[PDB]
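2 protein chains.
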Amino acid sequence: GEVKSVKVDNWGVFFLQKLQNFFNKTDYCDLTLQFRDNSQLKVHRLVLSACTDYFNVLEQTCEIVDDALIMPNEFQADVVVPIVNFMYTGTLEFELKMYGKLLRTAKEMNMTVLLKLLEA
Amino acid sequence: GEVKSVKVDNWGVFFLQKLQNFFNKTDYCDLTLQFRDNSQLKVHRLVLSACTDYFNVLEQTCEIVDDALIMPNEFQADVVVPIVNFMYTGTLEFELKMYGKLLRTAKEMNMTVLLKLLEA
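Quick note, the sequences are listed as chains A and B, same order. If you're matching positions, the first sequence starts at 28 in this note's numbering and goes up one per residue. If you're matching positions, the second sequence starts at 28 in this note's numbering and goes up one per residue.
So that you can see chain A by itself, here it is in the shape it has in the complex:
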């Protein structure tokens, strides 16, 4: 017999919206991003690694304190938060005053998908 196939459309966005809920409730967040003001951001190591390798570099270079990765000086919540939110939604939420800094941050991470978006 021949193998048949049926699908469920809009599964990508549906699956993505599920991971956003987990990110909102800090469910199964293995990676803890810790900023300069001791504020934390619980994320999924899989979601970030699927969008860039920059966070994988930080884990081998930056210091770790009690399961919390210390973010470098140029990589704080002003740029990290809206970029991570983009990974979970596909939407970049930002103020116009943050444009240049987000662009330079995107170049630093070499996040191509975010580079093209900012350079429309």
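Calculated directly from the structure, the hints in this document are not laboratory data. Treat the hints with care, as some may be off.
When chains are identical, the list treats them as one kind, so a pair holds in a single copy or across two.
[What the hints assert, rightly or not] Think about it this way: if two alpha-carbon atoms lie no more than 27 Å apart in a straight line, the pair counts; the simulated DSSO-like pairs of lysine-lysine are:
# : residue 1 : residue 2
1 : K52       : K124
2 : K124      : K143
3 : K143      : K128
4 : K134      : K69
5 : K124      : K134
6 : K124      : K69
7 : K34       : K124
8 : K128      : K69
9 : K69       : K45
Dock chain B against chain A, hints included.
Showing chain B alone in chain A's frame:
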């Protein structure tokens, strides 16, 4: 200033296709499903948990041998493999002879999205 927003369309499928590549290369696979013939299936614990809680129940009930979860008798590769592939793609690939068993398995997991698909 007002917060602005730009987006990248088809991000859901794009992000989903990234996780499929990781699943193909066994990259960052934390959960190891071990079948009766000692065959293994490397999966992501996040992807499965986002589609059902059934695998979370197996981790608290079924035995674990060297980071490998022992699958129950009714839950083997004949049904597990095509169902997991659905989670990563949104497409259920199967033979017609497996229809009834996949349906009963879906009822057992209470995977609603797969139930409606099979009961079109």
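*Among all the numbered hints in the text so far, which are the ones the structure does not match?*
Number 1 - this is the single hint that the structure violates.
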